[PDB]
Amino acid sequence: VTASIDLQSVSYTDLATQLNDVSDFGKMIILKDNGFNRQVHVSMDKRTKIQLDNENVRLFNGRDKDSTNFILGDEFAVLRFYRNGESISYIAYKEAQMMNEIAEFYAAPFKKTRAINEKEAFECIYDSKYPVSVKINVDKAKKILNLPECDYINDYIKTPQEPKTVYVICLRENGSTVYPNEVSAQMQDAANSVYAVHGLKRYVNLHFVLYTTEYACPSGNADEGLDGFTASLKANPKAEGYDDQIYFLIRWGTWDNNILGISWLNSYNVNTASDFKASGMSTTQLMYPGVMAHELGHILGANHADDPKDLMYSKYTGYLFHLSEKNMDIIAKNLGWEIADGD
Amino acid sequence: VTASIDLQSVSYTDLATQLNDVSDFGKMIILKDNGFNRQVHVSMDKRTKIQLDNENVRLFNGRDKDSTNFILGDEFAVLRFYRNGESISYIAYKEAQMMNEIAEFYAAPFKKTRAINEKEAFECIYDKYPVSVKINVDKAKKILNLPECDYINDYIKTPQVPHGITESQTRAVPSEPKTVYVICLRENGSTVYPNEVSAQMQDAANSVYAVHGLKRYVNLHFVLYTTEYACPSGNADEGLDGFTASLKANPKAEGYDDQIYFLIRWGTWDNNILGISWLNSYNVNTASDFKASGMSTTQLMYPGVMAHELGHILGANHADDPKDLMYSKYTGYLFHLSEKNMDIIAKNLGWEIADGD
Ligand code: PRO
Ligand code: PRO
Ligand code: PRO
Ligand code: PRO
Ligand code: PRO
Ligand code: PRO
Ligand code: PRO
Ligand SMILES: [Mg+2]
Ligand SMILES: [Zn+2]
Ligand SMILES: [Zn+2]
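Quick mapping for you: the protein sequence lines, in order, are chains B and A.
With the authors' numbering applied, the first sequence covers 34 to 161, 168 to 200, 216 to 397.
With the authors' numbering applied, the second sequence covers 34 to 160, 168 to 397.
Chain B with its partners taken away, still in its complex shape:
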């Protein structure tokens, strides 16, 4: 009787019909696979709004113990959950042509490395022929692909010395190609890393938007890229009136020295936000979840943390939450929180 999603044949329509049935009180949905079951209580994420080129994207959460999130647009749907400490994504596009392109895109890196246990890292899912979704275990995929080390060393810069709606204006770099499932996952992880700190949904509701910009980084250098990006925002007449919002230049790839992203440190405060100061750049590739979250952390004042399980660790470790109490207090205070308010 309880609604279920069969991960051996999950398509866009399966995910859409289930998620579109989720009311304001949530819905129990059983995730099923061979040897797997999980009963998740799914609710609409009412804190975050997303448009990708004006396409509305809705987020859904499980309970904390469910370790499950979803993304739903008209063109694609994502189910992401943790199982035995690994993050697994089911990515399903509605259109056959786009689904085939996405499947080829994710399958391609596994062509040169046709090592054992490929299905556990990546699998094309078919109707119970062309795929209806792809399964990617990012933890297993990175072990098989043996990708070069990407990190956050010196990925920040400083300038010299009702919840509030805050727009996070993401701009697709000129000449870059980004995928909606990948961009929205970065946005969801970025928003959830903020709300997990000091009950911050009471103070802020993040509204992500994605457009294309004519700006392109003049070189592979991230510092120069960010200096040029912030300058392009100040010189854009169409951005006038939105200098107090947060901005990200996004791309699929990375910068020189495998830098995943970069941002102006401690550049956003709800009372003094101005002059496009709260800006950064971020990769959006699937294999590096949490980069936008890490850069958004720096924009909100978080410094690098000493714990290897912290989102703000200087090395890329795949963790998506702030653990540093000092960072948590800095971020929350920049969003209007004070200790007397509690969590």
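Warning: the hint list may mix true and false statements.
Said to hold, decoys possible - Pairs of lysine-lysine residues, derived as BS3-like cross-links and limited to a Cα-Cα distance of at most 27 Å, are as follows:
| # | chain 1 | residue 1 | chain 2 | residue 2 |
| --- | --- | --- | --- | --- |
| 1 | B | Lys79 | A | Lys255 |
| 2 | A | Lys292 | B | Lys127 |
| 3 | A | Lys179 | A | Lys369 |
| 4 | A | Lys60 | B | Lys218 |
| 5 | B | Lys292 | A | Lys65 |
Derived by calculation from the structure, the hints in this document are not laboratory data.
We have chain B; now place chain A with the ligands onto it with these hints.
Below, chain A with the ligands without anything else, positioned relative to chain B:
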């Protein structure tokens, strides 16, 4: 400065950027049309869900005094408001090709009748290709001189069976409104336009919630798919009979016999019939066997037909007031005014007088 929509150049992106900014607390938006200005307080409609072929469509309302509604999908947006008692829609599609097709579609009937005030009935809005169309349906029907499409006896009493009358258990306001799907099926061979279908669905849902605080009891979820069924003739009674039979014989519809169904098309049936339904065929406790079914036109020029047929499905009879949605002749009004009809509809959705409004 207060947000505004300039109706002299309103595009899909104008409507989408404004409506997507509407938070839980609503937003003031000034509608501007040269010297005309209306401040509307817009809020998200959280009572109704809509998918058209799995495309999510969100509804927005103004305050009661604003007389304004909006529709937003990824592909299109609609602003509909009343001006001097006339229903005016601004319809904007995102894609240039689709906007051009929609503009040509709505302009075409006016090519055989060039009126002096054609702009007051229909206008392509620019800023070389239109960004939206303005249609004043009341003025458009006067210029186009369409045949008087009516309801006549647009209902069939739902069949009954002899049975000992069981006591009705007095129920309470549910802790959560009951989700009732309104499964709309695009008739085989019919073409329907998303802005038109969603306007019929919005008017249908709003006609129910306006009665006895019914959003406490029901949250309507409209969905649209295509069916292989097509009416075997122009006759609406025979078409409805065949449609309900096609639902019962469809293995894919098994398990959803207790929901509400509409066969939708763009056109009408014989004798200018706009739609037809099984009268008093939906009750939240006894809904079954696809009984709660009807058929409806979705063309823009007949707003409220789906609302009228949904009224009959929920038990409403024809009303004597020409301003009632349930008047026996099509009059363009979108709300139930008959207290008898209101009580019948609300009782079929779980309401009782002790619950109040
Ligand atoms: O729309 C869906 O769910 C999938 C996509 C390819 C064909 N069927
Ligand atoms: O086998 C896999 O890759 C994942 C684990 C849970 C469901 N499917
Ligand atoms: O293949 C199946 O069983 C389901 C139906 C749509 C795609 N997944
Ligand atoms: O998507 C990318 O990674 C490319 C790199 C330079 C500009 N954009
Ligand atoms: O931009 C910021 O984050 C700092 C914090 C206090 C006010 N300005
Ligand atoms: O809404 C927009 O921006 C474009 C302009 C015409 C078609 N859609
Ligand atoms: O004169 C009237 O109003 C009647 C009502 C149904 C058809 N014409
Ligand atoms: Mg679309
Ligand atoms: Zn960093
Ligand atoms: Zn009638």
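Against the structure, the hints:
no.	hint	in the structure
1	B:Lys79 to A:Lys255	holds (20 Å)
2	A:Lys292 to B:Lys127	holds (20 Å)
3	A:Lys179 to A:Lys369	holds (19 Å)
4	A:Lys60 to B:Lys218	holds (13 Å)
5	B:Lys292 to A:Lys65	holds (21 Å)
Violated hints are absent here; each numbered hint is respected by the structure.
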